[PDB]
Amino acid sequence: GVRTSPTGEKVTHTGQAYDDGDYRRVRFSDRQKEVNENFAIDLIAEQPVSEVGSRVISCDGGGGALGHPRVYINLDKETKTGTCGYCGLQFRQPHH
Amino acid sequence: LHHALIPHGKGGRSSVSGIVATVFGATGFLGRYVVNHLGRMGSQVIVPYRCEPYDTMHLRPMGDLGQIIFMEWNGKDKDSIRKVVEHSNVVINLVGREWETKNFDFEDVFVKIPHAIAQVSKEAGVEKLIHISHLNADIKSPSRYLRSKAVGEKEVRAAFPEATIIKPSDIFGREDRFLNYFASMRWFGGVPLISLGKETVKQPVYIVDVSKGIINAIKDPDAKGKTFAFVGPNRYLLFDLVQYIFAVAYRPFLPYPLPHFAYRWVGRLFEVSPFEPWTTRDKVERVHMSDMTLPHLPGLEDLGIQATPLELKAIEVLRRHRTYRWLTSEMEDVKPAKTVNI
Amino acid sequence: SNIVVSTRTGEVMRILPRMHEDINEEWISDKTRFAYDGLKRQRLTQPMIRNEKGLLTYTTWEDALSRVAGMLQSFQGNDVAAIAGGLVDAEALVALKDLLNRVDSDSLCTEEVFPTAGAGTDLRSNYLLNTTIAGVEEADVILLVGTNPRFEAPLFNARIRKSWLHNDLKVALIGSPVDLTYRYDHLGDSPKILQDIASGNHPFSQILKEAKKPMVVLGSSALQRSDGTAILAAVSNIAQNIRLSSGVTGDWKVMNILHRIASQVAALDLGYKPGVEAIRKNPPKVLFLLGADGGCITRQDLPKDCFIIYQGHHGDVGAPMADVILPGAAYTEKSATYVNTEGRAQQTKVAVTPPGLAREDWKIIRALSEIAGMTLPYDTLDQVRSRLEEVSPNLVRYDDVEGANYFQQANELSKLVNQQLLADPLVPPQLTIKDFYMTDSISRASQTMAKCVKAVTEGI
Amino acid sequence: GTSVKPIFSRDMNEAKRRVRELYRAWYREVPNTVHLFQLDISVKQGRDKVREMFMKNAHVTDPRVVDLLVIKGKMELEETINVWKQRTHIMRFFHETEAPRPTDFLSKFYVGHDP
Amino acid sequence: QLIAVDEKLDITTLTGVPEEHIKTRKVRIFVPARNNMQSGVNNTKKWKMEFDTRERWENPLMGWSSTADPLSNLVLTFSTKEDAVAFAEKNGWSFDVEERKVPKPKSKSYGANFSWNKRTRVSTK
Amino acid sequence: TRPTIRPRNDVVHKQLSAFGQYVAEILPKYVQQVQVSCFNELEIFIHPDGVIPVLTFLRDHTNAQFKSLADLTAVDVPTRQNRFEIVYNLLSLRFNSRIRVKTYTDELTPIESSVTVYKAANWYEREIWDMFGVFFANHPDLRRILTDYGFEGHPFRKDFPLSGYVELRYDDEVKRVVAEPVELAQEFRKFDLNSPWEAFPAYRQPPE
Amino acid sequence: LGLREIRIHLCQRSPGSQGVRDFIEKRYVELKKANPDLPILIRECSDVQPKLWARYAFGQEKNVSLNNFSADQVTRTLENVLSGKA
Ligand SMILES: NC(=O)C1=CN([C@@H]2O[C@H](COP(=O)(O)OP(=O)(O)OC[C@H]3O[C@@H](n4cnc5c(N)ncnc54)[C@H](OP(=O)(O)O)[C@@H]3O)[C@@H](O)[C@H]2O)C=CC1
Ligand SMILES: [Zn+2]
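Chains as they are written, first to last, in full-length UniProt numbering: chain R, 28 to 123; chain C, 36 to 377; chain B, 259 to 718; chain V, 14 to 128; chain W, 51 to 175; chain G, 43 to 250; chain P, 14 to 99.
So that you can see chain R by itself, here it is in the shape it has in the complex:
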């Protein structure tokens, strides 16, 4: 989800861009500004919400011991999905 500033400088995923009157931009002359193009927030936004038939789901991030510490997520609320505090994967009980 890259985006450009009024100066033409690419904005990073941290939302940091040099102002129009900032001298520090001179550091990029005759060179470039390193920017990572794979924005994690947009990438996790594309993952679908998993429908599971239990009130409590378990997530370890996939890969077993190659993931994150295994946590349990409550799915009682029907107004929102259950989000993993490590991975960002979303879960819900079937509704409608």
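Derived by calculation from the structure, the hints in this document are not laboratory data. This list has only true hints and no planted wrong ones.
Quick list of in silico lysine-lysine cross-link-like pairs, DSS-like style, CA-CA up to 30 Å:
#1 W:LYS156 - B:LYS428
#2 C:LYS373 - C:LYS318
#3 G:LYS200 - W:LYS131
Short derived list, chain V residues pointing at chain B, Cβ under 8 Å:
#4 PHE118
#5 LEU119
#6 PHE122
#7 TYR123
#8 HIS126
#9 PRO128
For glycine and all other residues, C-beta sits at the position ideal for the given N, C-alpha and C.
Put chains C, B, V, W, G and P with the ligands on the given structure of chain R with help from the hints.
Chains C, B, V, W, G and P with the ligands alone, transformed into the frame defined by chain R:
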């Protein structure tokens, strides 16, 4: 004041001075001292260079990480100038040559390039411009170097009215072409002097004094549109000055008088070298010309600097020119030369 | 309240309580805890001067101080006045007082009004919480007049509830019937009740007479009203009736004043005039605003071409109308002395240095005095605190809460004049929780306080 | 009583005598240091600097502290005579690359927060 | 045989500390307050000496936090207040001493949770 | 208390306790305390005046024969009136044993040099003088060993800052290396690591 | 000559301030009624000694010790200060 350019720290290497300076001519004699003084207090320095990058290496340790940025430029290309002055609040011009090459004459380096630098800096919004001229700049001078200097300072004032113009007189220092130039005249047996150097008065100024004067003029808000003359504290006859130089170097001094036409012939002969000439006709004319007296202009003491006399700093330049027998001789051993100070 | 400021890499991270058994125990209010983010917004970082057009523009310290010094040398006496805000420290207060005394000006005023009739600020115990916060634990009964202690002084209200819970304290309130988180006997909101109590024609008069350790607390907010003097006289008369009728218990203080302004007690100790009545009596040509953001005096209250100088840390109501802006240090950015409602002097410490070109406030005033030719005799913080000791010694005693009881003289002097009460119900400025979050320039700049106001105004 | 063990001197007189010996040694050594290290200062500058260093500690009134200061000065002189120090170490006494720090209140106020 | 001096101890000329960092510094001697996030009291036993906080600024490259005072991380530990005062005095540092804060003893009664006629009665457990 | 826990040695503990009692009996003029740690290490705390008589004894007595001086160092404890703890670690090859001798001094009190007992002490004492400022009387050649020429201060003192006071760089105006007050682009980040809960009840001090 | 403020620094329980305390208990009220528009700031000292400060026009001010004074001596001192004496 643009918060990122608000001074912070104690004024040392890791501090922020608030100065962003583009230093044209930073790879020469005065340029290294100016860059060192800017980097001492934590300024951001931009160095436009046309030479080989190997020839800029000595400027790298002069600033903390990120504080000295090198960029290529072309003196005949205004886009390069715009590129190197886009983000600066100070532009210093130290570009100059003491001889003419096949690609750049005196008018190119002292009129056209300073004018382009001043005009581009004015367009780009640079707040402060420092331009270096000569004390003896004259539209009617017998030296075309000084005529070009006078024309160039006129054009710089025309294109950047708030410029600070600084006119030094014969800077001496470790890498100077003044003390080392007169000390390298021994390789020819005798010392040729027009009129035996008896009709020439010199007022040379220390290099560190000039660099500190440029720094202080940057820091002085009153120095905006003024013209300064940077001269030393003493005035000497050329004969006495050269004799003192040879005494400090402990070399035999054999001065003889050479007429103006013969010295001009010698200078033109040396002018044919495709490398850096040992001397030129213009150098011969400038060496044997008296320094002007300009009391109406402000000087180093108007910027808070007491001029360093030559007698305290001649040894740090001329010890290298001694034989092994005289290397350890101390500074106060030479009996300073006579001065004609009004 | 004693606090700990957590900093990391030159930035304030959070505020935590610091245990002090006699002031705040281990609790703080939510404004103390969460308003620190306002320190990161709307900050004054550079000196500013008016342009030819009339817009504020950055300048150096030299130029701004020179303009202020020229104006200071132009005028003298009543033509020069100063107003102190609610967040001012004692060092800057005394430096400004000395500077304006050098011009022969005594128009040193605060925004918070206190009655000058009678003893006025001559007797310290006249404007102090003489019982002290810990003394609430001891007292059997407490009467609150024209106050909403829950929002004006949350930790004092917490102490009241603690003694209500553990010592079965009886609480009565005269004023608007606010929720105090404990049950209290509401006598009404009419000021005349005070007189009805003082004459003995009230049941609560008898309740107070047979109390062993009675406590009368009058809110400084009640004092803001013009009759404030009549209210203070009535409260003092109630305390005198208690003193004479119920005998003498020893050393137990009945008369109390509860303050809401951090800078008020130090300013009263230093000799400032409470309120801006002096400035309205004799409008000045030169006006110093030292963190004053209450809007008490506007340019409509001053002669045209008046020279206004604002010194502070935030751009609030005060900064826009000034000719010259001098950026000062916030309370987290200096070591400075504050005196609380009890009369106890304490000092802050430097957590982070002031942003940009901002400087310590007393240093700004001392530099101004040097440029103006009337150099002040102190160069360091220790010397300014020695000057504070010369003016009011209790300011260098950094945990003392002891003091002489001068109630008899103050009551006798208050009996001199007989200003009338008004038929206006005592209505505190803080009526509900939404009024509590924003009461100063730091909390008005806080986005957390804005979120809190939005949350309490609409639930959802 | 104070029951304190001396280092070299019992009172201030012997400590002052040792100070004078060390001062004489440094004063004699200065011209040799100027010649051997190829310094650009004068002998008067070096001796003035030596005097300044000695004057820096004139306020000391404890004979043990004076003895330790003389011990340190003797160590520095021995380092200098044997050319264990280089030119950079000798010139470090003069602080030729440090900008002059203001002392009056106003300049310090302008430049920053340090008291 | 001993020499019987009669002057206060002063080692400033021997420590190699620059003049500025002797006469312009203010040390605080105090028992650190308990961190309010935890109930442990083991960090409130000893006395600490720390220096006054000086300026920190942003590094133009990397935006790191930069300092120029060498004593910004100097904290000394002492068994008593008198030891810290003596150490500060012999080093010539001006000091401010804050007295130790001990929590006052409290009367805890579980049965008071269920009082017949007092307000200490709890409405929930 | 099996595999995880380090095993004990009562035999060595008893032998070291007996030898410590022996040493204390032989030299009551100087010995102030004797201790045996639970990992079987013997310490003898002595008055400073006894540095030479004790060490010599431990070197020359037929039943001690501590011929090797393994190490000699100092410890700085600013809370003590006598700041500096002087530690001698000795090894006897004849009896295959080690011993530690401890004494104290302040900033202004010299300690007798032990070069006449152990020549190895020479450099060690220099290092102590370099790092802590402890002066050793009658040292043959006492001077800095580890620090730069002309260096001021004693870095290993607790009140000496970690980065010191001066740093070095090459300056081109003077064409040499110069020393200037230290400035750090990133300040060292102080960490507060101590848990507020007591770890070892066996070392609890009386609450005064 | 233009009197602006009076400051009385007395210590709460030191014997040397007894007379000053007597003054504040007995004659302060009448003094304040006689001079209603004159600030007379009563403050408390640590045990150094009692003091009386008088601040005049343009920031000039003088101090006089009241140690071991009686009520009469304090009254005399304040009478001289308030009038054209010294
Ligand atoms: N030295 C003296 O005694 C006096 C000096 N001045 C003025 O001071 C200034 C500097 O003095 P100094 O430093 O001694 O002169 P130097 O020749 O030592 O420095 C010359 C600088 O100018 C640059 N330069 C020269 N010609 C060109 C060109 N055609 N295009 C681009 N860059 C060019 C050089 O770059 P490169 O290194 O790539 O050639 C070098 O950086 C000059 O303007 C001189 O006139 C004034 C009065 C007296
Ligand atoms: Zn997950």
